[PDB]
Structure formats: structure tokens, C-alpha cells
Amino acid sequence: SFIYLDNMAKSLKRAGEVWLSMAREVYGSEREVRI
Amino acid sequence: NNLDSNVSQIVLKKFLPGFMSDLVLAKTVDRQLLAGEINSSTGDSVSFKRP
Amino acid sequence: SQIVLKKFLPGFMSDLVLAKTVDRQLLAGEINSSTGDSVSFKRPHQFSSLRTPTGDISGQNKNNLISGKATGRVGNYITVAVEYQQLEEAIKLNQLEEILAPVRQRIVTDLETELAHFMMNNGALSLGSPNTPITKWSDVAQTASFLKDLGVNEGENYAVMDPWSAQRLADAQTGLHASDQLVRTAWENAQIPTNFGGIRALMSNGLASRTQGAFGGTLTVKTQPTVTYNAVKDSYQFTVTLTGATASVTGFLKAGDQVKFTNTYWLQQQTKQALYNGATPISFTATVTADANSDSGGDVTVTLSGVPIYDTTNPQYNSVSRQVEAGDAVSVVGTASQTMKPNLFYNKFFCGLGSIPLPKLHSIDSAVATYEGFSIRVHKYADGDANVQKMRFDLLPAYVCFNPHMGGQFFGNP
Amino acid sequence: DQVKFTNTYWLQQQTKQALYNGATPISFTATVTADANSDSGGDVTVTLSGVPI
Amino acid sequence: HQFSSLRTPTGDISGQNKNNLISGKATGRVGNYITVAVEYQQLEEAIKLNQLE
Amino acid sequence: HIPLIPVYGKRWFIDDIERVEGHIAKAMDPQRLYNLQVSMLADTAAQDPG
Amino acid sequence: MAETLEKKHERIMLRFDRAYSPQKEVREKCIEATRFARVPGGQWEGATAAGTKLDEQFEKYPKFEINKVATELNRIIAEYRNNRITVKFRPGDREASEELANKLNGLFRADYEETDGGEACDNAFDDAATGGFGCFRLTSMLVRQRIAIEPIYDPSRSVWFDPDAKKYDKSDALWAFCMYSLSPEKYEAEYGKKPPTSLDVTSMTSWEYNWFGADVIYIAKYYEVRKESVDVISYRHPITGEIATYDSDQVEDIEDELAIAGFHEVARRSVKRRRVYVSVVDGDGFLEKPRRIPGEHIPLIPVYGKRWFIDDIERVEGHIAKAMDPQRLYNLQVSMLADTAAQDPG
Amino acid sequence: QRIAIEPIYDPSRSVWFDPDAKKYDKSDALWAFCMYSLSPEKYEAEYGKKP
Amino acid sequence: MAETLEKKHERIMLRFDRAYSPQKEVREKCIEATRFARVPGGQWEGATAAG
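Chains as they are written, first to last, in PDB author numbering: chain D, 457 to 491; chain U, 3 to 53; chain V, 10 to 423; chain F, 266 to 318; chain L, 54 to 106; chain A, 305 to 354; chain Y, 1 to 143, 152 to 354; chain X, 153 to 203; chain R, 1 to 51.
Any given hint could turn out to be false.
Unchecked claim - For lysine to any residue, the following SDA-like pairs were computed, each having C-alpha atoms within a straight-line distance of at most 20 Å:
no.	chain 1	residue 1	chain 2	residue 2
1	R	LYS24	Y	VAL39
2	V	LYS389	L	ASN70
3	Y	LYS314	Y	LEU142
Since the hints were derived computationally from the structure, they do not count as laboratory data.
I would like the entire structure built from these sequences, with the hints used as guidance.
What follows is the structure, given as C-alpha cells:
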């Protein structure tokens, strides 16, 4: 099952990248300001 | 057999292109001299002098 | 003698310029399941004015509103079918794909021959003597000059010439005196540029050919035809009878011949003025649509595409200087029965071309093959248990002719 | 040697329409493959490559 | 291969004819050997043959 | 990006075409031959009992 | 000297033919091995349609396929993918070596992570283990400028190197090719509709395989290395270090230095340098004119499973070539047992 | 507004990609399709009964 | 420029056809494998009525 699990992991990486690109226009940009 | 009553005979709302021409004389004739010269007071005709 | 290569030998094929150059925009996806087998497009309106010196004339003789149509329809099937022993075929042919390559070619080649015949049969304008070939620059420039003189601007014009004829234009181009780029290109590739004399020129080996058809005698019109806009507002076709012909000849007039009326001239469709070809005015011409026979007494009834409208109650639609009436003198272009391949010139909005998608037959395996935008439906079946499998390819075209007065045939003139 | 059949014309192989070089149609030509000899009566049998099917 | 098409207003090909698969082959053959042969003596090799290549 | 996220079991690019494979493709023939052998044994056994 | 691009085009074509001539059969074996190992029906190719009349019919011979040559290869692929490896930079015996190495392998790691490095490595290793030849590319993209790692698909029929290069890494290579397929719609999407499409001829595929679409166009990128005379400018600003030699590509006018922190000093020293150009060509002409890439070596990185130099030609091998005959004989034995057993049941 | 995750059924006969895309994750794809089945009642509930 | 939505529609249809054309014989194998593994009667499919 190693090859199937590896392919699933490398698909999950792409899904996470797509979600990262998507979340900027929905949740807004992030800034670090407390001082 | 005999399905002609199901369909309709339609005419699209688009016109085919036609013929046109060009105008060159009106842009080249003199028009400044006879610019508003013929008025209600002047009448049918108006005159210019000769050298 | 047993070792046989699996790679097929090369073959022959023509080229496609007509399908690419004709208008494939208006007639696309419009002949659907609801519109029927034909659909019509609208036509522009024209108006004529009055010349009077008074102003409180609110009640007078006004214009009229007449609406025309241009109807396009579907043609016959383009079918190719083969019967064969499928086991013997599959002995050495994987997936039955060797058949596919030289079949899409036949379907595509035949549609182009059909379009050429329709464009030749429905085109109206004619130029030059059919005998003379194309040798010089004026032979190509005249088509663009005539199209400009008629008054068409919106669109883009085109011309198609045989390959041998282009060798001649390139040979002429090699004789220039100052254009080094043109001289080098013509010397190397024998290639003329894109825009040649004000019209886009094309070279094509695949082009239809026609026969003149035997005729003889000083023809003239017998009965006055009706060329009113109310009569010919839907087709731009009209019928006429001619006398003074030969006693009895079969096939007196083939399809595509040009009949010229001597005393009736073309008009600039906007200003309604005659046309001058440098030294003589241009006469009106019409194209024979269907084959016409000749019976005893020399009377021939024929139908022509292109109408010389001279309506007297609706003058705004005139397209000719005078009305064709009995006793007028007519002639035909060319010689008795020579065969020739005509050279074409046309506008964008002259003829259309469309395709009708075909659904899948029930419980019969099939596929769709695309070839430069043309979809061919292939079906396979095995009717009969004699190991005779059959495959068929289908394509359904549709044609429309917008305005016959914006295209036709042309040749060279001496 | 090359032999021209005057009254038979070539064809575009796909279209099947005849070939015209301006106003003179192109005539079919063939090539002699083997040496031939003439016997009494002016009769010669030759074998040509390329066929007018 | 080469084919031909049929025309029908509706596509009924019940009584028409259908194309067949006629197979044609072009043949290639071998020719004749090209052979170049030389011979010479060992004494000549020893006392006379230089720059043989 | 296009929000379609494909997942492949085993994927390769061989001849201008993407090819995929899972875990059942390789063993179809032995299974569909074993079934036939079992059936042709069963009917023959049922034919002549004694 | 070939001023015109036309005269340079047939030289490229001749070089392609010269490179393609020797390395033709080894790539055939590599393609056959990959197809045999992976394609579902590839184990019986060359005899797909075989049979006899059998009384007015033409029954094909039964051909079964029991794939047993892929398990060990899958084991190798799993062993590699379990422990991936990547370039590591080691420091030296200097004062700034450690920090220099840290920055170097930080930047390289960023490039490898924000691009297709993992895909390139995986595909290259898979092709190398299956057929015997693998490759991946290392180009530069703008998004201002960055270096990107991209994979190469079909290396066996897509990558061609200089015939005089005999090293493992092709260091002594003067020119190289990289072919790829394309669709006509994208062909007019890029470039122009005006010229008709033309594809390079290789007579490579259709070699015991079904083809349905002639809608593929083969387009090749071409790499050259040239030694050229270039002059450099040695700026000698006394403040913040004096000696600094730069080439003439960057000028006080091209980049707005304005001599604020730079002096002309000496700008006459011209030295020969090694430069690399890239271009896009097809069977007719130049799709894109040559342009120099920012580097010194050909950016093609070949990967081999097993490689040797036997007779003036490099030969490669993977892990499938050695087991073809026993497998394709076992399949025939199984089929001939099955049909014979099914012939007479009782 | 929120981002959601939804499944696709019958991918082999529902998902089609740009033929010029060659990567595993199909980053270099310019268009794509996603087919799914529907019932006449739901097709009328959404959209309309007119077409 | 594809001004009208009707003009936009057949381009989408052609793109769908071009996407479905190459990736055909692989999805058949995938569907066959799924049916063979999961459907109760899929292991003998294609010869259901033989006698």
C-alpha cells in the first residue's frame, strides 16, 4: 500500500496548496501587528 | 410520418449587410463663403462681386 | 514475397480553402430540432425620396415597406460504406484504423467539390473571356475593382486560382524593378504575397470543372418577364423564355453558363448610376441554375439566378438601368462545348456552410471523428451471420445563399 | 524512351477532375522499360511503367 | 486505399452498392554483387609493396 | 487554480497518453479462468454420479 | 557564416539527423521495456492479431497475460520513495564557509519546494528504473527572476544529445535537443495561425501500437554552447571595496547606477567566455529566435539506471529487459494449457 | 463566506481535463469539465420548467 | 471574440469532444475493473447469455 499512500500524500499537498491560494480572497490577508 | 406540425418556421432577427457609397465632393467644395448668408431677409438668392 | 511492411505507402490528397474562407458564423447551430429543415434570414431596407419645393404638403404619395428573406436549408447525406469480411480484414490490421485515414479525406474532399459547384452555380457576376487564362496583374486586379465599384465594403473579398496559373503570376513578379523582398521571395519559393491587387488571393489544386454545352443561333427574349420586387423578393431568381435557338438539341444549356443582356447595365446599388468599364459600360449577366433543353421551333425556357429589378411602383429596389422587354438582344459567354476550370472571386457574406450533428443509432456501436472542425459519425454493425461486417461514415451539410449579386466567376481578358 | 498518348489526360488523383495547363490539357506519358524491336509490318510490342487505369 | 461516396436524401443505403477492400502491393528485389578483387605475391610484398593502404 | 484535485493509484506517461492502473487490473485473467475451470468441473461431476 | 536563419535551420536538421542515427535501437528497447512492464496489453504486442480460418471464420488464438515482472520494480520504486535524497552543500575550512553553505542550501531548498522538483525527481527515477533512461530540466522563469525545476516526459524519444559526448553527465556536449508533443489548438494559441503546422519526422511511434489521432505536432527546443568575445568594465569605487569587474551587459545607462557608487576606471579588458543559447524550431523554420540563457552548462540532467560504453555507443538497461523471454513464454504455455484442457471435458 | 470540500462520484466517467496537461496534479490545465446526473424533478426545481 | 453565448456554447462542446477523444480506452479499463471487483455479477460480464 506504500505507493497508494504516497500518491495520496502528494495529492493532499496539491489540495492544500489550492486551499492556500483560495483562502486569501475569502478570509483576507494576514498581517502581524500587535506592537 | 407527418411531424410537420411539431416544428415552427422561424425568422432570425439579424439583417444581412447591404451596399453603401462614399462622399468626397461635399468635403472639398467651398462652404465658408455661403455660411448663413441666405436668411429670411435675403430671399431666394444672394450675390457675390467679381474682380 | 511474404515479409510485408506494416507501414502504409504515401498517397494523394487535395487542399481546403473554400470551407475556411466562406462564412461559417450565421449558419451554425440554427437548424435544430425545432426550426425544421430550413431557416431564413432578413434583408436590408431601401428608400427613395421626392423632390418638391413646398412644405405644407403633409399629405402626399409616401414610400412602402416590403420585407424580404433569404432561406437556407440542408443538403443530401455524405455517406461512404464498405462491406468486407471483418476476420480477413483484421488478419493484419489493428483496431481497423488503416481505413480511417483515407475516408475522412473522401468525405472532406466531396463537401468542397459540392461547395464549389453551388458557388459556381449560384454566383451571378462574370468577368473576362473564358478562353483566355490568367497571365497578368490586371486579370486579378479587375475583380477587386469591380467589387469596389459595386459598393460592397463590410467583409473581406477573396479569389481562388489554379496552381499552374499562380506559377505565371510569380513569374511576372520576378520581373519587378525595385522590390527586392518581393523579387527574392518569388525567385525562391514562387510565392505571391497575401493581398494581391486589393483582394486576398488563394491557390488551390482541388477545384470543380464544367462543360459549356452546345448552343447556336442569335438568341433573343420572346416574352416580357416579371422582375418586380414583390415577385422576386424571396429568392433573386426568375424565369425567362428565349427564341431563335437551334431546332432540337438536348442539353442546350448546362448549369453554370452566363447569359448576358446587351442593353441592360449594372447600377451602383446606392447612388443608382450606371457603371463604366473604362471604354464601355458593363452589361448585366445571369447564371443558369438547372439544365435547359431545346424543343422544336427554337424556344428555351430557363431559370436564372440574379434579377434585374426595374419596378416602376417601388423604384428604391432597382438594380438595372432599363427593363428587359421583348425583342432584346442576349448572348452567352464562351464557345460551344469546351471544358474549363473556372476561377472564383467572392465576398465573405455570399454563401454559407453549416453542419447538422447526428445522434447515435440505438444498440449499434459508433464513434465520432473530428477533422478540421468537421465531425463524422461512424457506425459499425454486423447484419447477417455470414461474417460480413459493415462500417459507415456520415456527415450532413447545409447551405444558404445570401445575395447572388456579390460573387461569381472570372477569367482572363486580352 | 518516353511515349505520349495524345488524347488521354491526367487527373488530380483525389479530386478526379482533369488537369489543364492554361488552355492545353496535359497528356499522359509513359516510359519504355525494355529494348524493343520492329518486325515486318511496323508492329512493336513494348512494356511501359505507369498505367492509365 | 481509395473509396467512393453515395448520396441519399435520408441515408437509406438498402439497395445501393458498397465499397470493397482491394489490396495492392509494390515489390522490391535485390540486385547483383559489386566485387573488386586483387592479388599479389609474398615476394612482391617483401621487396616492392610500400604504402599499401 | 482549477479546484479539481485528482488522485491516482499508479500513473505513468508512456505514449502521449496518461495511463493509470490500480490493484485489480493485473489479476482479471486468472480469476475469470479459475471460475470457468470450476464450472466445467462442477457440471462434469454432476453428469454421471455412479 | 550563415547570416540568414534559413541557412542555420538546415544545419540544425543535419545535426538532429546525425544525433538520431546511432541512438535509435537502444531507445527502441527502452520503449519496448516500459510498454511491456506498464501498458495493460503490452505483453503480447507484435502478435495482437494472429489466428486461422477454422472453417469459414477466423478465430484469433487465445492470448492470456499474467504480469509477474512488475512486483520487483514496484519494490524498488517503494524503496526509493521511502527515503528521498536531495543535493546538500558542505562547508569548507574558511571563516564564512558555514554561513555561505547555509544560505546556499536554503535558497536551493526554497527553489526545490516552491516548484516541481519532487515531480521531476519521481518521474526521472521511475523512467530510469523502468526503461533505463531518465531526465529532467532546470530552467529559469520570471515571477523578479527565479530558477525552476521542470520534468521531462518521454525522455527516450524526447532527449537527444551530442554524439561526441561520452561522459555520464554529458559535460563535453556542444548541443542538445528536447522534443515534446503539442495540440494544434495550442499551436495557434501560441505563435501564429498564419503558417501551417509542420512536425519533425522520427518514424519512432506506431511501432506495434494503436494510433487514432494524427492531431499531435512535435516541437523541439535546441541548446547550443558558444565561445564569444565579450568586454567587461572594472568599476573601482574606492568606498565599499575597490576591485569589482562586471560585464558590459549591465551599464550605467542600462541599470541606473549613475556612477554614484561606481567609477569607470578601466573598461577595455575583453575576454572570451562560454555562453549558452536556446531556441524553438520545427520542420520548417524558427518558431522563436535564439536567446542566451543565464548559465554556462546545458540545463539537461540525464538519469540512468545502468549505463555502459561498449562499442562507440552508450548502452543503457533498466530492470525489465532481462525477464522478457521467460514471461512471454510462460504466457504462451498458460494459454496452450487452457485451450487444450477446455477442448475435451469428459 | 466559507470554503467547503465536496466529493465527486464516478470520476472515471465524470472528470475530464485539458488534453495538453501532462503533470500529475494538472497544474498546467486551461479548462476542465465535471459531469453529474440529475432527475427531471430536480431539474425543474432549479432553473425552470420553461426550457 | 465569441460575443454571443450561443457562439460561446459550441466552443465548449468542441473542447469537451477534444477532451473525451484521447482518454477513452483507459477509462473503459477502469470501469471494467471496478465492475469486476465490486458488482455481484460483473466477473462473468459480456457473456451473460451463453448457451
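(request) Given the hint that R:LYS24 pairs with Y:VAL39, test it: the Cα-Cα distance must not exceed 20 Å. (result) 15 Å, holds
(request) Quickly compare the C-alpha distance for Y:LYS314 and Y:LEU142 to 20 Å and report which way the hint goes. (result) Since the Cα atoms of Y:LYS314 and Y:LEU142 sit roughly 36 Å apart, the hinted pair is violated (cutoff 20 Å).
(message) What's the verdict on V:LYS389 and L:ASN70, does the C-alpha distance respect the 20 Å limit or exceed it?
(response) 17 Å, holds
Against the hints set out earlier in the document, a violation occurs for number 3 only.
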